[PDB]
Amino acid sequence: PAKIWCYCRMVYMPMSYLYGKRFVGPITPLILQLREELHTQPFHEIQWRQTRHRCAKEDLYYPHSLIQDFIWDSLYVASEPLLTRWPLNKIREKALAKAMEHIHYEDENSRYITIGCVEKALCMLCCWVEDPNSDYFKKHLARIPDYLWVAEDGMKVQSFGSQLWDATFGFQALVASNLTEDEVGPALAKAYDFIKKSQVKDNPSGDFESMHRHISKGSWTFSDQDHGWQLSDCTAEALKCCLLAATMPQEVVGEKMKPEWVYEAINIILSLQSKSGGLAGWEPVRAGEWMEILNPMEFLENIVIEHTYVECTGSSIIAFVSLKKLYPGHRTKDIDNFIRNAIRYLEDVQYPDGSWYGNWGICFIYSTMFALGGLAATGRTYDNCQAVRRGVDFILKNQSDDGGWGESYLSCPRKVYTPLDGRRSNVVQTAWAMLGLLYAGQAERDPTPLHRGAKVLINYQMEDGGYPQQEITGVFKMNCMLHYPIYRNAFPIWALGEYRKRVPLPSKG
Amino acid sequence: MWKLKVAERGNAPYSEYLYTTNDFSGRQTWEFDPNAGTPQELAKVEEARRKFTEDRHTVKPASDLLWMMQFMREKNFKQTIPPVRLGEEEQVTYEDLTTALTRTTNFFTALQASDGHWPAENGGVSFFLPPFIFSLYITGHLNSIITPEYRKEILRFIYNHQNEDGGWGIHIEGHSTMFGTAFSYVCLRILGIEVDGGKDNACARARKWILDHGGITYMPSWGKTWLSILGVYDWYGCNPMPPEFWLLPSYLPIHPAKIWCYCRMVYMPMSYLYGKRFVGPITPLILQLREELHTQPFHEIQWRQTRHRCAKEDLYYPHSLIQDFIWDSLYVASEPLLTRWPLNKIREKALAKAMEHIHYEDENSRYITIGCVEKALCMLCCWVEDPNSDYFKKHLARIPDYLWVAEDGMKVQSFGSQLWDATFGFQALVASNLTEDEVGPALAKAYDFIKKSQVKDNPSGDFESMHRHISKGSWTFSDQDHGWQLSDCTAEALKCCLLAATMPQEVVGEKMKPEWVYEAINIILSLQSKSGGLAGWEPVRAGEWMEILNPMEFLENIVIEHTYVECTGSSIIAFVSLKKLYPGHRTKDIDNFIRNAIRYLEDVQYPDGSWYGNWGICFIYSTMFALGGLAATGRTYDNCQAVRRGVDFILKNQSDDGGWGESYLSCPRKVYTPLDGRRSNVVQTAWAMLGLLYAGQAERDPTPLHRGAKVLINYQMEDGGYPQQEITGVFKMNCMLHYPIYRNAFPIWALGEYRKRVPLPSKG
Ligand SMILES: CCCCCCCCO[C@@H]1O[C@H](CO)[C@@H](O)[C@H](O)[C@H]1O
Ligand SMILES: CCCCCCCCO[C@@H]1O[C@H](CO)[C@@H](O)[C@H](O)[C@H]1O
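Protein sequence lines, in the order shown, are assigned to chains D and A. So for the first sequence, the authors' numbering puts the first residue at 256; every next one is plus one. So for the second sequence, the authors' numbering puts the first residue at 1; every next one is plus one.
Hints are computed from structural coordinates only; laboratory data are not their basis. Hints are not guaranteed to be accurate.
[Stated by the list, open to error] DSSO-like mimics (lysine-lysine), calculated; alpha carbons at most 30 Å apart, straight line:
{"no.": "1", "chain 1": "A", "residue 1": "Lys530", "chain 2": "D", "residue 2": "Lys732"}
{"no.": "2", "chain 1": "D", "residue 1": "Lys588", "chain 2": "A", "residue 2": "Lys513"}
{"no.": "3", "chain 1": "A", "residue 1": "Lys513", "chain 2": "D", "residue 2": "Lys652"}
{"no.": "4", "chain 1": "A", "residue 1": "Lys513", "chain 2": "A", "residue 2": "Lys495"}
{"no.": "5", "chain 1": "D", "residue 1": "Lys530", "chain 2": "A", "residue 2": "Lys513"}
[What the hints assert, rightly or not] Partner residues are not named here, just some residues of chain A that face chain D (Cβ under 7 Å, in silico):
{"no.": "6", "residue": "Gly237"}
{"no.": "7", "residue": "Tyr600"}
{"no.": "8", "residue": "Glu602"}
{"no.": "9", "residue": "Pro607"}
[Claimed, not checked] Examples of chain A residues toward chain D, derived with CB under 10 Å:
{"no.": "10", "residue": "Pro253"}
{"no.": "11", "residue": "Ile254"}
{"no.": "12", "residue": "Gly275"}
{"no.": "13", "residue": "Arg277"}
{"no.": "14", "residue": "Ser320"}
{"no.": "15", "residue": "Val332"}
{"no.": "16", "residue": "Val540"}
{"no.": "17", "residue": "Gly543"}
{"no.": "18", "residue": "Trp545"}
{"no.": "19", "residue": "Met552"}
{"no.": "20", "residue": "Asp603"}
{"no.": "21", "residue": "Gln605"}
{"no.": "22", "residue": "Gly609"}
{"no.": "23", "residue": "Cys640"}
{"no.": "24", "residue": "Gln641"}
Every residue gets a Cβ at the ideal spot worked out from N, C-alpha and C, and that includes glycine.
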């Protein structure tokens, strides 16, 4: 269990307990009258041993391997005839007790706001079937209304919080944009104090070490401080925000953080790193890529084991480069080595077409922006450099009739980069492309394409404010999708803030 | 008193009469004449021996000079042309290049053209000869087969290349290995030579290196398995390899029809030997030699916990945790069961199936099976079953087909390479301009041999559904007597045939029928992967996760095959060349295959602008083939994807005079270290020039090409050829190979197209 991914470990463990207990819910009169219409054959007059392997051709993304199917088939006859009529009392009871105590130790440290709606829902049943009358069940029931949400359509369910990530992105956009009226100072302070208060500093309760978990010291979460989960992606943006706000005057933004807490964040970031370059999100490395053969699901990919993410590597390298300007005072001979290790990783992930796709945003250029931002930091030029011109040429070759950029939700799963969505464009994707191209120093090279890129943004501006474009603009594990409501405004303002700073574009009137 | 002569002895050559397929089409044999002698020519042998003995440190390999010496009397050309030398950036004209070609081509084509090819050699690594010595010692025919005059030659071969530090190498240019050192010491000691401490008899020197490395328990699994048969090691100290893997309905994920052919044909005799638990007789030499080797008493040590002790010098691919756990579980699953209470039915059926599979395989292979080690092990496998038979005698009869002699002592040739080198030489000759036009008879005398070298008959018996692939009009790497499909040689053979097809009939002779090429095209199209490219023997079996079960630790990617870039480039250039002659077979399929293969080449490219190969030791060896296969589909240079990367990589890396060089350790480390003293080699420079030429850089900027051509004329010998001696070959990223004719085949090929591409006008 100390080898598999954290999400799979915390999801399948309640599944393991439920399978071991063979728990079946009460058969209400609705169940008996509804179980007949679903199945095309009679409910109890069918077979089940040979019906286990029937995969649909519509929901099949990663088919099972021969070895995996053979292992499951062997285990079916190894376990069911044994641990159902003559169950090993000692082994099964110890396994159930260990699962129960692990779930109890995990939920207490997670403050009952555990990762995933499905995982929390399954854990609620797992703890209810053990003791319907307790306090853990009541506290789990109390945090249920923390996930429901309302929109233009009916009520929906929010998988997890994202206030910290969007707040950091908005703060970075605001500070990058020129303070014209300078009245954003109070809002910047009222967000900075919240950001400071959002830092997770306490260790998980109990013996977190040697319990299939990693050490957390001054780390950041993705949802809120109440969770207490280390994630290198959000920490890299938080450190950049803190460093950029550090140089701002004290009299305008307020007090500043102590310079000793950043060392813990640097140590945590350096803790997560692979042997060939880059870093993962939660754990550095467990095993090889051959562990994915045992994937139970068929509509996802790369779930059992983690992998290195290019966006996190780019954010970490740009954060480390930004730190050098302020003060070099911690492991001068180690940060340079880490940067050298990370530099060669970015070149490997590049595809021959000149672009490499990400893992969270639905685009072949979403990770390109972060890579270009993290590549120009180490002095990578454009006239004479390796792999820098490939992304620029890829971006230039692919545009709309008016210079816009667009893709489709099926582009990433097929890994083909199909932009045929009607030759349309979106504000978020165009802003991402412009920001990525800006880090390459193309403003002084040839800003003529940038003129239409900026002009295709002003028309989409609403008189009431904001941009009315509505798209998911997010992917999850190459099959699932995600939506962000503030990306419509956060990124265009960020791009327009640096558009004037890079190229003055003089015009008296 | 050694004369090199074609065999022509199909009726009882040494001990048993054998059967040929095309009247000994290229059979290689060597005989020690009893009455040969010359007052002055025989004196050259001592000079050849002493030159290598004194320049072993500076030059590790040795080109075959005594072999080509014998052909100087048979063809007394006596040509006198000084080596043309140009300096101070003087532009060369057609005259100097034509003179150099006239001097370096006539003797090359007169070296050997009677049969239709040139005798080539592999790379002497001193790795598979101790198996032959052990086999001959265990069969009792060592005295009958190995004459005493061969003993001094093999002793000199062993002594000529020995590391002064004590630790030998896996290949000729190795450094501080345990397998090679131990095997060489055992083979030298078992042939009746005592223990001394001199420079010639360096047993005492090797004692210090053997003893200070934890005995002989740090050698790889092959060494332990081999010494367990000779009464030196114990079966409990190695890993279990049950012979029951061949009993399955071929539905399990691991079946013999899934693993590579070489591994399947090598480990099967190992499986039989492990199942039978056969141990050779303990001669008085064995008991007196088993004590000095081990640092502890022979029988007073443990073996169950000594199975996992890997040396830090001969470790390239460490074992995985799952593999070690599987072996540990199998050790207690099989040994307590199938040793004291063996399953009679299962074990007997497994042994019978292994025996019948070996017998069916050797008959179809004409007893010239792949690999010296595999043949040596199969000889023991068939001898322990029936010491008095005909298969054993016929195996014993083909033993002298592998021994070879060079400037150093007698060596062993792993496999034949006459067809590959003959095709390369023919391609070079036809690409070079026919100045005197007298190469026509030699071209015909090689073309008829090439036509006769085609394998057309199916393997005897039910070759299909026997873990083998269909062969129809295929080509082998060694000779037609083998009958093994290989897409690499077929691609070059088809190009040679197509290029010779457009030549006039009156000058080269008759031509092949246009119906046989369809079978070759079908065979080539049969081998292809689902993502692009193709393998050598089988299209695809499983994924890349099968390599976790690798038993060896000094190699990599042995259990399963892989796609080779060089073969893909050769196939695509052959297919493009075929379109010019006549499109008449699957017009909608060849284009699809080319489209599939095009995208494969882009993927294998490294970010540095170059991708290394698998057979030549260079990061640019595969680059030449890729560039040759990429410019065929209209890939330009000014505006194209990935074409400029290789050109920039080649331009950025040069010598002080524009030369190119690498090191044997560059490919294993995948770093492309050229720091060999900033030197260069003729073969590598010719490869680089040929690869750059396909990119159309002759009209772009031929200024770098001037020095690239000039650094070649100086290396030209007045007697002909180039004296540079390097292996210029790699095998599975750890082993090395040598080619003796690459010194001449490639420079002439480059010079032939140098004048054709850029005229370089100069009136005088
Ligand atoms: C200490 C040794 C106890 C011997 C078996 C106890 C009697 C049966 O006990 C049961 O046996 C079944 C099959 O083994 C399983 O259900 C469990 O082992 C156990 O509950
Ligand atoms: C149908 C079962 C017959 C007996 C199987 C015993 C377990 C297999 O084991 C083998 O069986 C041989 C034949 O009995 C015996 O020589 C030994 O028990 C053992 O070698």
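Cross-check of the supplied hints:
Between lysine 530/A and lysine 732/D, the direct Cα distance comes to roughly 24 Å. Compliance with the 30 Å bound is thereby established for this hinted pair. With a C-alpha separation of about 70 Å, the suggested pairing of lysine 588/D with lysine 513/A is violated against the 30 Å cut-off. Between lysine 513/A and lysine 652/D the CA atoms are separated by roughly 49 Å; this puts the pair beyond 30 Å, and the hint is violated. Restraint check for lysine 513/A and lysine 495/A: the C-alpha separation of about 15 Å stays at or below 30 Å, so the hint holds.
Simply put, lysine 530/D and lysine 513/A have alpha-carbon atoms about 57 Å apart, too far for the 30 Å limit, and the pair is violated. Here the hint on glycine 237/A is broken, as its CB sits about 29 Å from the closest CB of chain D, past 7 Å. For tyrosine 600/A, the interface hint is violated, the least distance from its beta-carbon to any beta-carbon of chain D being 11 Å, above 7 Å. Interface restraint check: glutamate 602/A against chain D, minimum CB-CB distance 4 Å, threshold 7 Å, status holds.
Evaluation of the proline 607/A hint against chain D yields a held restraint, the C-beta minimum of about 4 Å falling below 7 Å. Taking 10 Å as the C-beta cut-off, the interface hint given for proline 253/A holds, the closest approach to chain D being about 4 Å. Taking 10 Å as the C-beta contact cut-off toward chain D, the hint placing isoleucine 254/A at the interface holds, the least distance being around 8 Å. Hint status for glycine 275/A: violated, given a least beta-carbon distance of 25 Å to chain D, over 10 Å.
Below 10 Å, beta-carbon pairs count as interface contacts, and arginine 277/A has none with chain D, the closest being about 31 Å; its hint is therefore violated. At its closest, the beta carbon of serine 320/A sits 8 Å from a beta carbon of chain D; the interface hint therefore holds under the 10 Å criterion. Interface restraint check for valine 332/A: the shortest CB-CB distance to chain D comes to about 20 Å, outside 10 Å, so the restraint is violated. The interface hint given for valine 540/A is broken, as the beta carbon of that residue sits about 14 Å from the closest beta carbon of chain D, more than 10 Å.
With its C-beta approaching chain D no nearer than about 8 Å, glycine 543/A sits inside the 10 Å limit, and its interface hint holds. Annotation: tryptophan 545/A was flagged as interfacial toward chain D, and the flag holds, the nearest CB pair being 4 Å apart, inside 10 Å. Residue-level restraint check for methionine 552/A is violated (minimum Cβ-Cβ distance to chain D is 19 Å; threshold 10 Å). The criterion of a C-beta within 10 Å of any C-beta in chain D is met by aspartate 603/A, whose closest approach is roughly 6 Å, and the hint holds.
Hint status for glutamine 605/A relative to chain D: holds, with the closest Cβ pair at about 7 Å, below 10 Å. Hint on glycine 609/A holds. Least Cβ distance to chain D is approximately 8 Å, under the 10 Å limit. Interface hint at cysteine 640/A: violated, since its Cβ lies 12 Å from the closest Cβ of chain D, which is beyond the 10 Å cut-off. Checking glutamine 641/A against chain D: minimum C-beta separation of about 7 Å stays under 10 Å; hint holds.
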